[PDB]
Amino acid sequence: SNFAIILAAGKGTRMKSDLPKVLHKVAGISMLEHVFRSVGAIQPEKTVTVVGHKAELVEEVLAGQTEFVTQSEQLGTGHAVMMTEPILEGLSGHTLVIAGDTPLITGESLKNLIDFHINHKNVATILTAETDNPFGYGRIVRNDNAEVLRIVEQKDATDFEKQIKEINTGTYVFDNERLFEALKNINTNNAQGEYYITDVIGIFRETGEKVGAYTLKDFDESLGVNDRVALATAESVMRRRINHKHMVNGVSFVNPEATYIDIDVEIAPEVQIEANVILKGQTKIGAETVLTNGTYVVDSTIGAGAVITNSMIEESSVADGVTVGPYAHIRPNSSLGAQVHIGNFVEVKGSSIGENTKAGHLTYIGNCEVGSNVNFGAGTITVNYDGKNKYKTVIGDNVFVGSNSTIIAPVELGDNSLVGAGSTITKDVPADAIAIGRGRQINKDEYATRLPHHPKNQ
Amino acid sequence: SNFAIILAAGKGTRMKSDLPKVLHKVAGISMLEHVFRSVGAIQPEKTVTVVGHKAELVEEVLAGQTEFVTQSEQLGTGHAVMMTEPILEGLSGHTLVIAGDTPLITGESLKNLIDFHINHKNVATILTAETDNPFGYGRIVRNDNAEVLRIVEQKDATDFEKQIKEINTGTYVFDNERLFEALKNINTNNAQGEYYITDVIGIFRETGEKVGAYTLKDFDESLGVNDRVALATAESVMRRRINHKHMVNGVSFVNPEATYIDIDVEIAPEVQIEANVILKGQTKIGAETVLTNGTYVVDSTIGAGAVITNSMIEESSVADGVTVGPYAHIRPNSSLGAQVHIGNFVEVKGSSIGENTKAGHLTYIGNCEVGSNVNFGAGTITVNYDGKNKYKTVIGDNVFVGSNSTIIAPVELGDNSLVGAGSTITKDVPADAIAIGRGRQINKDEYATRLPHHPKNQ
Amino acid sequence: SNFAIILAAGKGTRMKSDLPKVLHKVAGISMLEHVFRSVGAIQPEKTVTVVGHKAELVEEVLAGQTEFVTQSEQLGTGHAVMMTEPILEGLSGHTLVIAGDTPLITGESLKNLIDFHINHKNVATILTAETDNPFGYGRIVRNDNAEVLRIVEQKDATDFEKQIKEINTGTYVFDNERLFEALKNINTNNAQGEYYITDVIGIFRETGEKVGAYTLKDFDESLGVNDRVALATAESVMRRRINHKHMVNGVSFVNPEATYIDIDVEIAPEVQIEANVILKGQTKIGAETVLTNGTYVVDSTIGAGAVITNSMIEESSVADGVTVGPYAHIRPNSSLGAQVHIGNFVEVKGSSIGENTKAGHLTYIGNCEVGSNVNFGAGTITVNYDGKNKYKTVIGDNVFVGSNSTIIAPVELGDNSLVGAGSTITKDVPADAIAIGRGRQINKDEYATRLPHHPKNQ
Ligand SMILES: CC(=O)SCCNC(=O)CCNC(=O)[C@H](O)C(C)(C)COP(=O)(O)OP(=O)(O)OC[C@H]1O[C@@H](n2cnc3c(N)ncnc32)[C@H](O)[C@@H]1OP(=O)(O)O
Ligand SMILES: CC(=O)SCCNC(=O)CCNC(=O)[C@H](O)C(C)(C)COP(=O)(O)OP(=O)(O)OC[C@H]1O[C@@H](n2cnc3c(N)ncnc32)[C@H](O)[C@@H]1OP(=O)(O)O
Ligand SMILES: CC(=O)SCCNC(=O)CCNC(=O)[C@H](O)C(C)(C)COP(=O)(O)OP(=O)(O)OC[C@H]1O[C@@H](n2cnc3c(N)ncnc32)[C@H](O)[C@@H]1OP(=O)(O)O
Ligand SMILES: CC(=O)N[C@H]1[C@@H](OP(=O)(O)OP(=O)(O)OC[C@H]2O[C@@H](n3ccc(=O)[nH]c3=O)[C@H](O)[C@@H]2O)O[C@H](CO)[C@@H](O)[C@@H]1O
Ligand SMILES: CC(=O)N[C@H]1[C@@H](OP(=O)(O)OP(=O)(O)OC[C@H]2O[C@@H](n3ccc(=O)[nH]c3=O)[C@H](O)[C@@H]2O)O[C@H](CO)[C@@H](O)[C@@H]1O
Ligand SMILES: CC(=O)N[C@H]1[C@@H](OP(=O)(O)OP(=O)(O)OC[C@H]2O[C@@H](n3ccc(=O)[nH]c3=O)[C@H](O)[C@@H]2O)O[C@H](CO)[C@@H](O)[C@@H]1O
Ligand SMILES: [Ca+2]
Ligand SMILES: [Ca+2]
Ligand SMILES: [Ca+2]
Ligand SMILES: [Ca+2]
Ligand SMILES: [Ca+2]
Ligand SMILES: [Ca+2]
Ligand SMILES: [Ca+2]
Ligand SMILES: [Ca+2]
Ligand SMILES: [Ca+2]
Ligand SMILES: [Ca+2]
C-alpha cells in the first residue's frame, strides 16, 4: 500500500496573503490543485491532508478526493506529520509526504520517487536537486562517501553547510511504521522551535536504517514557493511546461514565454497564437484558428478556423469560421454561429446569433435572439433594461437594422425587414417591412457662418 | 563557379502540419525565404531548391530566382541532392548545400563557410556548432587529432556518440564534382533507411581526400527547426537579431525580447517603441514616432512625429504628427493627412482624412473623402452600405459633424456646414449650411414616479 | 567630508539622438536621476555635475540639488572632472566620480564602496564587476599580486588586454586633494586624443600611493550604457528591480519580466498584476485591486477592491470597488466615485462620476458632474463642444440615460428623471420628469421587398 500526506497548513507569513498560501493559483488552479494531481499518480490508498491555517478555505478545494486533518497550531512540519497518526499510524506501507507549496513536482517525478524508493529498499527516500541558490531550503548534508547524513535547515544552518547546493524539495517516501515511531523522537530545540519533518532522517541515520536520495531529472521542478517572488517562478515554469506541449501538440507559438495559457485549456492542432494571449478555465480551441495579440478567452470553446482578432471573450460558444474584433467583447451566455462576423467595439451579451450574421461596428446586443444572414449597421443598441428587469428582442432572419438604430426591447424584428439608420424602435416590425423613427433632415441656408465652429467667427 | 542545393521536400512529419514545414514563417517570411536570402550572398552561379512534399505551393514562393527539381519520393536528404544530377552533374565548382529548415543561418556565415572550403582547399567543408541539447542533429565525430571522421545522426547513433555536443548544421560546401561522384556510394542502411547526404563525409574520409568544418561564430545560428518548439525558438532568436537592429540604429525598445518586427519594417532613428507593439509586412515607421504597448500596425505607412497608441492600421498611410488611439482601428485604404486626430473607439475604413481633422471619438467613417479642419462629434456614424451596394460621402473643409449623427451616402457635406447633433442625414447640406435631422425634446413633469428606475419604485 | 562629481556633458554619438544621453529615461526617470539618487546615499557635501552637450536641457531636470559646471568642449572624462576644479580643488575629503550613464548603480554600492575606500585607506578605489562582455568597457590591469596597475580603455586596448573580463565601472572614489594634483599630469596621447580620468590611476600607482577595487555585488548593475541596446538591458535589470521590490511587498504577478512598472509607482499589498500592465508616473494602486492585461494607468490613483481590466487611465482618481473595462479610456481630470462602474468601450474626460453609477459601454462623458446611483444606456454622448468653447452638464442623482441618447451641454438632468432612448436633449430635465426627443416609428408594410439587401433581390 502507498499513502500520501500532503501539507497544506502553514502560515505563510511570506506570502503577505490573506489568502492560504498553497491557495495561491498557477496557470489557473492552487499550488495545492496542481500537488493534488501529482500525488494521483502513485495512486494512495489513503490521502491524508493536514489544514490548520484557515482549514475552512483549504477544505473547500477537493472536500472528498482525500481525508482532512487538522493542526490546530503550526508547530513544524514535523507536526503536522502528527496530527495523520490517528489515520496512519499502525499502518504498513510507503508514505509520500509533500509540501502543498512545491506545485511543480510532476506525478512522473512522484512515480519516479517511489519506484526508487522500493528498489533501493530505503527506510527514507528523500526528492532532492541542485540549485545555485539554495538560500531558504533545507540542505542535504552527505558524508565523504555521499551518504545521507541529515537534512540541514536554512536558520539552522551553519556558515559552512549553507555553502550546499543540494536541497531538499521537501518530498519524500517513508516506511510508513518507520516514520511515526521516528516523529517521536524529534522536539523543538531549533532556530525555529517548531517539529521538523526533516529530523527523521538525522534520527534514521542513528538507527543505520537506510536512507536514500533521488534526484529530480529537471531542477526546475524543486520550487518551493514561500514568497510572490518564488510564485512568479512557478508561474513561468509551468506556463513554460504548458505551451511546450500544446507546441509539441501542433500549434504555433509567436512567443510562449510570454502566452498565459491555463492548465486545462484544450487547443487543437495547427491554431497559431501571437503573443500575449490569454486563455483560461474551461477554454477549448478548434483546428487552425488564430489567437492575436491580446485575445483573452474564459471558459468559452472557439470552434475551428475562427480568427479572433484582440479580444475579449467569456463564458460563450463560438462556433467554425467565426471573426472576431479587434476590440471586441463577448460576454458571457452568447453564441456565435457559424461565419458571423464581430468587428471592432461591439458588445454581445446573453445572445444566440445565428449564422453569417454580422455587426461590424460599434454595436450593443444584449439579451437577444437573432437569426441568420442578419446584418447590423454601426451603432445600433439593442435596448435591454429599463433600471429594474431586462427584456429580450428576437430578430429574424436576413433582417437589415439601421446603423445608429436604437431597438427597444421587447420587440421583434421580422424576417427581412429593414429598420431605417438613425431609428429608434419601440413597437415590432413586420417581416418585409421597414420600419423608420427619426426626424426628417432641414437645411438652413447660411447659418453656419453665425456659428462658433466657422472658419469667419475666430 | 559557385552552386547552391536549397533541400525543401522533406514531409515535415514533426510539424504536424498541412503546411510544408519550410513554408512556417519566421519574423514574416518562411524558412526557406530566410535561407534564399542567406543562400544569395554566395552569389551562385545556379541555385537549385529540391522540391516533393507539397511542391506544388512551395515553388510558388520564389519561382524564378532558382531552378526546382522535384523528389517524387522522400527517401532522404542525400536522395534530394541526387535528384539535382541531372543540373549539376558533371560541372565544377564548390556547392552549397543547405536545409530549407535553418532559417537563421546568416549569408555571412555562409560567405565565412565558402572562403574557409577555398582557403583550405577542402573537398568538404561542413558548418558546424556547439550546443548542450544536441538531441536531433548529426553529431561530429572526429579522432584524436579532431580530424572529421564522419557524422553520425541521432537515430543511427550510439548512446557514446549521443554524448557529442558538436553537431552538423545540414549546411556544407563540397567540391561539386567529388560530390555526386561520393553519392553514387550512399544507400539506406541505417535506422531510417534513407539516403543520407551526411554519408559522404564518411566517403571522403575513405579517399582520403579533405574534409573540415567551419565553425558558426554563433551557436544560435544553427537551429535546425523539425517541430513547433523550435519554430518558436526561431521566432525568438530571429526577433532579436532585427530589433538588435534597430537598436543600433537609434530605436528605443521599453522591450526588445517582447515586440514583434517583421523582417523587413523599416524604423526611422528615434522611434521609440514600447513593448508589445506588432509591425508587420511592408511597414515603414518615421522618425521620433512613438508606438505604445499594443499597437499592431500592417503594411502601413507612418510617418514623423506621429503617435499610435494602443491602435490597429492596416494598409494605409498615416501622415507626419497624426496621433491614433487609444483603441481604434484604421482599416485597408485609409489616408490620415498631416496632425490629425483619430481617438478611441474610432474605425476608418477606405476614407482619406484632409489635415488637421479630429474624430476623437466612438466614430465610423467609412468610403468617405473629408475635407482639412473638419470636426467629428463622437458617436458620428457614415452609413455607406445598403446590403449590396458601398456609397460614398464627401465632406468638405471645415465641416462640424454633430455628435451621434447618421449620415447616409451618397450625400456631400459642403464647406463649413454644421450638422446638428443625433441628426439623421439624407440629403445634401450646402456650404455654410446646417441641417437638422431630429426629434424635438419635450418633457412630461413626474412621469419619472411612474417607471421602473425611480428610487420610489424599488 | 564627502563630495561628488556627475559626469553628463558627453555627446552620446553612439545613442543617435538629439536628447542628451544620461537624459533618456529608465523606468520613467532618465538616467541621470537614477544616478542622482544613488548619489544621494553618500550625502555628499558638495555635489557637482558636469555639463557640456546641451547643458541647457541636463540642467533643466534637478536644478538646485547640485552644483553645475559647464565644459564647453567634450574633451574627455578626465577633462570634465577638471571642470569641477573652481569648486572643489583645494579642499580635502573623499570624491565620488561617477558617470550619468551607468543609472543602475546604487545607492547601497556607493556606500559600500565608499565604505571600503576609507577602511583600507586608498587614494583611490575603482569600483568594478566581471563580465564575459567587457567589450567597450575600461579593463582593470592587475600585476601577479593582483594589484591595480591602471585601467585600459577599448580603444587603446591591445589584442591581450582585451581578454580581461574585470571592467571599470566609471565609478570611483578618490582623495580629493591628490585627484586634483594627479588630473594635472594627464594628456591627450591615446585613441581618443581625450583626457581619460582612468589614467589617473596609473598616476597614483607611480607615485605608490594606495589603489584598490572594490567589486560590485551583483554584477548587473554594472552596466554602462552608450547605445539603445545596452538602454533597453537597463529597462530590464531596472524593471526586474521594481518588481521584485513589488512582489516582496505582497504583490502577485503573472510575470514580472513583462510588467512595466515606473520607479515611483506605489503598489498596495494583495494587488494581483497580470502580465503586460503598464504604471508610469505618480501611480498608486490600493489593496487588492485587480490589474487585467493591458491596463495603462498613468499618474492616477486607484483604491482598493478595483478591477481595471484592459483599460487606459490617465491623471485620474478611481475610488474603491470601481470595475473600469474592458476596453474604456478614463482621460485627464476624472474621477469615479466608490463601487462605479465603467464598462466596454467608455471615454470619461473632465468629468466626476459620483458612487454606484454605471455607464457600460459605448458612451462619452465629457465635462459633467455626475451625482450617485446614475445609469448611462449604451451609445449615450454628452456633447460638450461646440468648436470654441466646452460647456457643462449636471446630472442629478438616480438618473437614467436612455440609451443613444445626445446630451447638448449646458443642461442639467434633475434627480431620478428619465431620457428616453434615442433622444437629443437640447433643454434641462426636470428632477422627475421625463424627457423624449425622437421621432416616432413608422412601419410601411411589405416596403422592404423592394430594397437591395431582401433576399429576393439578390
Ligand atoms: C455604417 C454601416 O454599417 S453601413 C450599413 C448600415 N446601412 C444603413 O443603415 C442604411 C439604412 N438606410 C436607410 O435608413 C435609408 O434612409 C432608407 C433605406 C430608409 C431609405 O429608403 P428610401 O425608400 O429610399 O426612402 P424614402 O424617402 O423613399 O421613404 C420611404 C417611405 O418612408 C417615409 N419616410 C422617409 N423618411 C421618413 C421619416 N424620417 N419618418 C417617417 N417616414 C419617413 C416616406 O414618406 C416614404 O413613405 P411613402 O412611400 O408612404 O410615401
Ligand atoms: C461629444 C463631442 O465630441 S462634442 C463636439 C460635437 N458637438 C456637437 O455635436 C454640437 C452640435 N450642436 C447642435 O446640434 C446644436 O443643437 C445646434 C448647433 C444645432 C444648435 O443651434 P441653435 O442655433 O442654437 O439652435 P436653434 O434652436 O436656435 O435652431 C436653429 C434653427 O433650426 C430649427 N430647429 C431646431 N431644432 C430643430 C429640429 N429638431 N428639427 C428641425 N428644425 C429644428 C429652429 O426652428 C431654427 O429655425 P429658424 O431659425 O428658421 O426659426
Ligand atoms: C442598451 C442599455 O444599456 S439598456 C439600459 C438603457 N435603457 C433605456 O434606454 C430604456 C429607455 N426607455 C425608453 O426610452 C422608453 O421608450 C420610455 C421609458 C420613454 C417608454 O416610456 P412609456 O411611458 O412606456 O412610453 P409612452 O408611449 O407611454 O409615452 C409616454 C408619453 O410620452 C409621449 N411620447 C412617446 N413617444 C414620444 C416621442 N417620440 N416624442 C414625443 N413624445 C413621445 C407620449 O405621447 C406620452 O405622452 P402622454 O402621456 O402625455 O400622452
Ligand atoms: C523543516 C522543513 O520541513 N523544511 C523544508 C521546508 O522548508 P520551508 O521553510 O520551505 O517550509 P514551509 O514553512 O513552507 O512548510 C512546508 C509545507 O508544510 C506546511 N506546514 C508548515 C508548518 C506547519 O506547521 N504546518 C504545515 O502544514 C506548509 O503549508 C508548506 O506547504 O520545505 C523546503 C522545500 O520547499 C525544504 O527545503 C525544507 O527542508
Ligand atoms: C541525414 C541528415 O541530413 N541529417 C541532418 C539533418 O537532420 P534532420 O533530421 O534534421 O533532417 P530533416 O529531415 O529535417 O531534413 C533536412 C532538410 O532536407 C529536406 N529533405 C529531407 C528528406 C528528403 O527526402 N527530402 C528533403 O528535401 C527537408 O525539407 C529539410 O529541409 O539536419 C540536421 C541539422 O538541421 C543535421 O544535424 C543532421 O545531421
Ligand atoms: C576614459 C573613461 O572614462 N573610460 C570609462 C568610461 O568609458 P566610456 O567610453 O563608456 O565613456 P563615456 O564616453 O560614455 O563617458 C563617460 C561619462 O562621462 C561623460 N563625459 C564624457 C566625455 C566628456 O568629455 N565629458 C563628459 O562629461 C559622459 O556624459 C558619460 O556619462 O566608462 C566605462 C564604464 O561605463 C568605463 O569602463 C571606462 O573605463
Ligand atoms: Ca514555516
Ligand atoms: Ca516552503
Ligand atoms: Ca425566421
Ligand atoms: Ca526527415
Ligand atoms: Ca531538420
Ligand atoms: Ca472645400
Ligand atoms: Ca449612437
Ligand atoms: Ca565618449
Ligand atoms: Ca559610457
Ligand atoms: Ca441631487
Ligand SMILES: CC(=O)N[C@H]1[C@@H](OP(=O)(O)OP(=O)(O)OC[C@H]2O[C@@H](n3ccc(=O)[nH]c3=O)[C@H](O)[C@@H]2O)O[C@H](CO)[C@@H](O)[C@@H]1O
Contents of the next structure:
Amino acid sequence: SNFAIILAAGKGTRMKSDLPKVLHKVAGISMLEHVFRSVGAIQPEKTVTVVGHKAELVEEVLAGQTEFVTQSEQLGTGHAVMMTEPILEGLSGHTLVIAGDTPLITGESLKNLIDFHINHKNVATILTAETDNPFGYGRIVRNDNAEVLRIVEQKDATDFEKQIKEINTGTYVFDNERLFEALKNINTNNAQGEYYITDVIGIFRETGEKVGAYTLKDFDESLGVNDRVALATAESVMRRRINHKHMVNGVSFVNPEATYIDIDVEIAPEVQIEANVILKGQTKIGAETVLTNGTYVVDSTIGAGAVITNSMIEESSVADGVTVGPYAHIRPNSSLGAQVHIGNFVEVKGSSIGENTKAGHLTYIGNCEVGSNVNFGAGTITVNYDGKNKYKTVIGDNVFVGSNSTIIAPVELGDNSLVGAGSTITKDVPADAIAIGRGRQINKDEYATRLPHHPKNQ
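Now that the form deposited with the named molecule bound has been shown, please provide the structure of the form solved without the named molecule.
Only a single chain is listed, so you will not see partners or other molecules.
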C-alpha cells in the first residue's frame, strides 16, 4: 500500500569528501539515517535505498531495515529509481521518492504528503515549498484554478514563470503502477542517456493524469545538503529542534543556540544545562542534575541530582548525587557510585568506585576496584602498566590513600588502612594498617644561602 525509494547515490563533489555524501553526520547520525526515520513514519511496506559509488560503505554501515540496489552509472534520478524496478514493479500503491540528503524533512510532513495524495487520488504528488529566492529551483506551475500543471526548471522558465515562489523540493509520491510505466516510456523513447524523476511529471502532463502538490509550511525544512555550508545549516536546524523538544519537556538551557545534544540523548525534566555542553550518542541524564559550560558526555548514564562541572565523561556510569570536575576526565568503562566526588584534574579509567568515595585532585585511578568512603589525597597515582601488561588494584572500604603516593599494582589496600603521603607502594597493605615508603626528612641549616634561588645570590 505504501512504498519508499530513497535516492542516495549522488555525486557529492561540493562536499569535498571521500565519505559518501549521505553518511555525513547531523547531530549524532547520518543524513541518510534521519531520512530513514521520517520515512518510517509512513509505514512503507517496502523501503529501497539506491546507493552509488562506495555503495559497499553505505550498506556496510547502516544495514538498517531497507532493500539495497546499486546505481553504477550516473544517469540521473529517473535511472536511480529505475534501479528499484526489480523490487517494486507490479505492486500497486503509493510510492514515496525522497533524497537521502534532505534530513530536515519530518515524518509528520511525509505523512501529510501521502494523506494529501491518497486524498485527491492524484497519480503524482509533488512536495513543494515557498521562498522569495526561488532562483535555481524547478517552479510549480498551476492554472487559474490552482491545479498543478507541471514543473518548470530555471533554465526553461519564462520570465513570467521565474516569478513563481513555489518550488519543487525533490520529494514525491507516485502511484507505483503508473510510475514505473512512465519510467520505461521515458527511458526507451528518451533519445538521450540520462532521465530524471521530474520527467515522469512531464508524461502525466502529456496524458492529463492528475498531479498535485502539497506545500510545506516551513521552507527551511526542505533543505537539500550539497556542501558543508548546508551541512552546518542542517546541524543548526536539527539542534534547535532537539533542544526545543527538551525545553518543552522541562529542561533549562542557558543558550539552546549553542548547546550540542545528539538526536538520541535522553534528558529527564528539571535538568539544567549551561551553554556549550556536549551530549553525544546513547547518553542519559537524570532529573535535576546540573551540566556546566564545557561538559562533554559520550555514551554515558548520569543519575539524578548530579553536578557535572566542565568535565569529559565517556562510556561510563555515574550514580545519583555525584559531583565531577572542573576539568575531570572520566574514561571508558568507569562507574562512579552514589555521592562519589571527582574533583579537578582527576582521571578515572576502567574502574569501579564505591559510594561517597572522593578523589578531589590531580589524581589517576585506572583499573581499580575501589570501595566506599575511600579517600584519595591529591597527587595519588595508581600504576597499572609495565609497558606490556596492565594490572588491577583492589582498594577496600574507608581506605585513606595519602597524597602523592604511588600505588604499584597488582596490590591490595585492605579496609580502613592508610598509605602515608608521598609513599611508593609495591606490596599489599593489610586492613587497619598503615604503609609508609618514603625517605625521612633531614634539615641542613644555612644550606639555602648557597643556592641560586636565594635572595643573597641575586
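Only the largest set of C-alpha atoms that superpose within 1.5 Å between the two forms is called the rigid core. Numbering follows the first chain given and starts at 1.
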| item | value |
| --- | --- |
| Rigid core superposition between these two forms: residue from 148, 81, 242, 328 with Cα shift of 2 Å or more | 148 |
| Yes/no, residue 134 Cα shift of 2 Å or more between these two forms with rigid core fixed | yes |
| Post core alignment: residue 374 C-alpha displaced by 2 Å or more between these two forms | no |
| Rigid-core frame, C-alpha of residue 309, shift of 2 angstroms or more between these two forms | no |
